[PDB]
Amino acid sequence: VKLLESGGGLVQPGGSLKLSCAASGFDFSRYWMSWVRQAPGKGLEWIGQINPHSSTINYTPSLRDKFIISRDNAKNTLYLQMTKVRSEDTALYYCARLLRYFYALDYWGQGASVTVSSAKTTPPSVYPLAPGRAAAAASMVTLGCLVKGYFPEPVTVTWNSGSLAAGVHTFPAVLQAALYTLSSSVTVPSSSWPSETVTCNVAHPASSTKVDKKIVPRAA
Amino acid sequence: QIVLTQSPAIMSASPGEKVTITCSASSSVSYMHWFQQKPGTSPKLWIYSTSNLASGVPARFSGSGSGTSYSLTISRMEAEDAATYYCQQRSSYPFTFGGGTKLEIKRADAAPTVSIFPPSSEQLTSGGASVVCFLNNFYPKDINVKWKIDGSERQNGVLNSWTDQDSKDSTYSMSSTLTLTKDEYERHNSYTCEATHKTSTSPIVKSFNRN
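For the record, the sequence lines run as chains H and L.
One point on numbering: in the entry's author numbering, the residue at position 15 of the first sequence is 16, and numbering is uninterrupted.
One point on numbering: in the entry's author numbering, the residue at position 206 of the second sequence is 206, and numbering is uninterrupted.
The hints are simulated quantities; they were obtained by calculation from the structure and are not laboratory data.
Even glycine gets a Cβ: it sits at the ideal position worked out from N, Cα and C.
Treat the hints with care, since some could be wrong.
[Claimed, not checked] Listed below are several chain H residues computed to face chain L (Cβ distance under 10 Å; list not exhaustive):
#, residue
1, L45
2, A131
3, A220
[Claimed, not checked] Calculated pairs, BS3-like style, for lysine-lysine (alpha carbon to alpha carbon, straight line, at most 27 Å):
#, chain 1, residue 1, chain 2, residue 2
4, H, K76, L, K44
5, H, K43, L, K44
6, L, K141, H, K214
7, H, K43, L, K141
8, L, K206, H, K121
9, L, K146, H, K149
10, H, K149, L, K44
Can you build the whole structure from these sequences, using the hints too?
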């Protein structure tokens with residue numbers, strides 16, 4: 002059983018958009034389906050609900066005129082019409098399966114992210130952070146990577162293309178003017194760096210940018 | 001639209017601790033449902049129709065209630081139970097969710113490991129300077145970080161970000177970035193990242209000087 006959402010991305014406020022949820026693994030023509038949304042850093046908000054014949058569809062009263070729910074059992078997909086979107090419509094959009102008819106939302110997709118904003122897509126600057134000019138008697142050494150001034154979320158730091166996993170923290174992004182910033186620390190023993198390559202990988206799909214920043218030691 | 005109010009809204013619990021989360025309804029409902037969410041993944045059905053555990057949910061869980069007050073109970077808190085729990089009603093349209101309750105696990109106290117980083121030379125070529133400071137792997141999450149330029153405390157342009165509990169060691173981390181204009185950065189000499197945590201009465205201090 003799988004639910005796959007798609008159709009989301011950056012939208013200007015006042016704009017329109019269309020999510021689709023593709024269902025497989027079960028007999029889609031038999032289930033009431035639902036949309037739930039979650040704003041960033043916020044709780045679940047029930048959107049609506051629709052039956053197998055599209056003869057009874059329920060909404061949260063607000064957004065009942067600006068969101069339209071529909072299904073296409075031949076194509077095994079559920080939809081969400083979004084029109085008149087505003088800033089507060091910025092959320093991750095889940096499609097879910099109401100178990101048989103009565104009660105439970107038992108399966109969920111991963112969500113389709115929607116950012117409602119007139120701010121324009123912006124790639125990050127990516128700065129390597131090597132330690133204080135020195136040589137410590139430290140048995141471990143901590144390196145950092147700075148990802149600054151992008152819009153919108155998300156972004157994706159790895160270290161050595163996902164081969165350095167233990168000892169990493171990736172701090173959550175934070176807004177500022179109209180742009181995000183995050184950083185990711187990683188800690189390794191002194192024996193391994195700088196004798197070995199550690200590299201900050203940062204990809205930002207919304208601007209189709211992907212940049213690598215080797216962490217070399219400081220200089221003069 | 002029945003409104004659901006959860007209590008408490010955040011709580012830490014030691015392993016083996018009994019945990020109880022309350023869901024209140026503005027008007028009576030006939031059942032309550034509960035969903036578990038961990039960062040990154042979609043909500044998972046936990047308990048449906050008040051006291052029935054969903055598939056895979058371990059026995060230390062249970063639900064009950066009636067009317068306008070339901071609850072979820074973990075008999076013995078476990079590290080893997082640390083998440084956010086939502087209640088949901090399905091006895092009147094529109095269906096509604098509680099605000100959620102974030103549940104964290106307690107562990108031994110831990111002093112942070114503090115690292116400071118001067119601006120990359122590449123950033124300095126652009127006319128902008130960021131001093132970044134990493135406070136890593138501490139418990140509890142309550143922590144005070146301050147920036148001193150030339151020994152003088154600094155408030156503007158500081159930007160912090162904590163990670164959630166680490167899935168490995170249940171510890172917290174936070175980063176603190178002070179952003180300046182490059183012209184400005186080159187005006188001063190010493191730069192200080194200073195952190196005060198209950199694990200000690202002496203603040204942990206990191207500093208560097210330019211040149």
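Cross-check of the supplied hints:
Interface hint status for H:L45: upheld, as the beta-carbon distance to the closest one in chain L is roughly 4 Å, under 10 Å. For H:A131, the shortest C-beta to C-beta distance to chain L is roughly 7 Å, which falls under 10 Å, so the interface hint holds. With a least beta-carbon distance of about 7 Å to chain L, the hint placing H:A220 at the interface is held under the 10 Å criterion. Our distance criterion of 27 Å between C-alpha atoms is met by H:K76 and L:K44, whose separation comes to about 26 Å.
For a cut-off of 27 Å, the pair hint linking H:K43 to L:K44 stands: about 16 Å separates their Cα positions. Straight-line distance between C-alpha atoms of L:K141 and H:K214 comes to about 31 Å, which puts the hinted pair past the 27 Å bound. Taking the CA atoms of H:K43 and L:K141, the gap is about 20 Å. The hint holds against a cut of 27 Å. Distance check on the hinted pair: L:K206 and H:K121 sit about 38 Å apart at the alpha-carbon level, beyond 27 Å; violated.
This hinted pair checks out: L:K146 and H:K149 have alpha carbons roughly 21 Å apart, not beyond 27 Å. A C-alpha spacing of about 33 Å is found between H:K149 and L:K44, which places the hinted pair above 27 Å, so the restraint is violated.
The structure fails to meet hints 6, 8 and 10 from the earlier list, while all remaining hints are met.
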